Amino acid sequence: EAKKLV
Amino acid sequence: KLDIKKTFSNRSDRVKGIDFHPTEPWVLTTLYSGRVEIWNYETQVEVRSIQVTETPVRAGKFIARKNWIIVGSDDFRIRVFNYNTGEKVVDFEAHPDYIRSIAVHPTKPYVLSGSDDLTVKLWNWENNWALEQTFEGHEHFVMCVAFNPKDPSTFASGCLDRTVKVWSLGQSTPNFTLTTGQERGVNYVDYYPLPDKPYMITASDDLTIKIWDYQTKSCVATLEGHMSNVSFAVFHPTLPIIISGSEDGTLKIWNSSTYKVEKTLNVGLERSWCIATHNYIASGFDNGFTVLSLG
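Here the protein sequences come in this chain order: A and B.
Heads up, this note's numbering is the position in the first sequence plus 358, with the first residue counted as 1.
Oh and the second sequence: position 238 is 219 in this note's numbering, straight run, nothing missing.
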């Protein structure tokens, strides 16, 4: 999910 | 062979998008906090600061021929502000998911937006911002869209699906699809701007930057050395260099004739996210942005 959010 | 000087650094919240104005000495920044800012990097004085939304604003460009900035945010909306009046002049939901990238046609009233909804969309501001076309076929988030500056009837999309697709306005499917071998996806795509080479360039979380000949479809070179995700890589418009930026905290300047690294810069702002070129360059980071002069 980090890829979507950062 | 490159005298890199510092022009303006500003501390702020994380900068996700950045762009130079073509005729005023300004940069636009779009922040993780929902704010967008215009700074005069010569006087180092703010021209505008606007709280646009509560969500990240990842994409931002000047449309200077209309005295506009255009921005796209994680609340799914495209917004346009007139920077002379400060007022919001357009606001619509563009995609049912995050907007990653906005590109503006250099001579026609067209905007492209690329989205986590797996599409690119084309909007016409002289047709009441009509959706003129949707470009479908990618399999993951569309991270970057760029017009071909030598023929802006075509444009490229870079996607986490590991492809670049090159499209033409008015055509249903891509002119072609490039399978990059960057198996962690494509974060960015840029075109070489001058007529001597039909080249493009891609950056990936796989730590590589690849140069492509879009006529032969071959990989010309692979630039390695970054130690974490490569956020972007671009050809400089007037100098024979490539500039990349990474979550490793560095900017790297590469020789565009030899494909070897020339300089590694850690400007002390943590992770790098975004880039613009005017021989000014500017990059946005976790802790603010910097504008640098090269010559």
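Since the hints were derived computationally from the structure, they do not count as laboratory data.
No residue lacks a Cβ here, since even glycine has one placed at the ideal position from N, Cα and C.
Hints are supplied without guarantee of correctness; some may be wrong.
[Unchecked claim] The list that follows gives simulated cross-link-like pairs (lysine-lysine, DSSO-like), each with its CA atoms no further than 30 Å apart:
hint, chain 1, residue 1, chain 2, residue 2
1, A, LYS361, B, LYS47
2, B, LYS244, A, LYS361
3, B, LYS241, A, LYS361
4, B, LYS(-14), A, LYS362
[As the list claims (entries may be wrong)] Selected chain B positions facing chain A (in silico; Cβ < 10 Å):
hint, residue
5, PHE57
6, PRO77
7, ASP97
8, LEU99
[Unchecked claim] Quick list of simulated restraints, FRET-style, between CB atoms:
hint, chain 1, residue 1, chain 2, residue 2, range
9, A, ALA360, B, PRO77, 33 to 43 Å
10, B, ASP56, A, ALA360, 33 to 43 Å
11, B, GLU107, A, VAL364, 34 to 44 Å
12, B, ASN108, A, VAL364, 29 to 39 Å
13, A, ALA360, B, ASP(-6), 27 to 37 Å
14, A, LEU363, B, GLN196, 29 to 39 Å
15, A, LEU363, B, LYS89, 13 to 23 Å
Going by Cβ atoms only, is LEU99(B) closer than 10 Å to chain A?
13 Å, violated
Taking the Cβ atom of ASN108(B) and the Cβ atom of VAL364(A), is their distance within the range 29 to 39 Å?
35 Å, holds
Taking 34 to 44 Å as the hint, is the beta-carbon distance of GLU107(B) and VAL364(A) inside that range?
36 Å, holds
Tell me if the interface restraint on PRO77(B) is satisfied: Cβ within less than 10 Å of some Cβ in chain A.
At 14 Å from the nearest chain A Cβ, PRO77(B) fails the 10 Å test, so the hint is violated.
Taking 29 to 39 Å as the hint, is the beta-carbon distance of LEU363(A) and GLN196(B) inside that range?
37 Å, holds
Could you check if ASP97(B) really has its C-beta closer than 10 Å to a C-beta on chain A?
Constraint on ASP97(B) satisfied, holds at 7 Å.
Hey, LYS(-14)(B) versus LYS362(A), does the alpha-carbon distance stay inside 30 Å?
34 Å, violated
Would you check the hint for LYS244(B) and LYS361(A), treating anything up to 30 Å between C-alpha atoms as holding?
The hint holds at about 28 Å.
Does the nearest C-beta of chain A fall within a distance shorter than 10 Å of the C-beta of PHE57(B)?
Since the shortest Cβ distance to chain A is 14 Å, the answer is violated.
Given the proposed pairing of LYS241(B) with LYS361(A), does the C-alpha separation stay at or below 30 Å?
29 Å, holds
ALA360(A) versus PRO77(B) beta-carbon gap, inside 33 to 43 Å or not
22 Å, violated
Holds or violated: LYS361(A) to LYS47(B), with C-alpha atoms at most 30 Å apart
Violated: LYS361(A) and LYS47(B) sit about 34 Å apart, past 30 Å.
This entry does not satisfy hints 1, 4, 5, 6, 8, 9, 10, 13, 15, going by the numbered hints stated previously.
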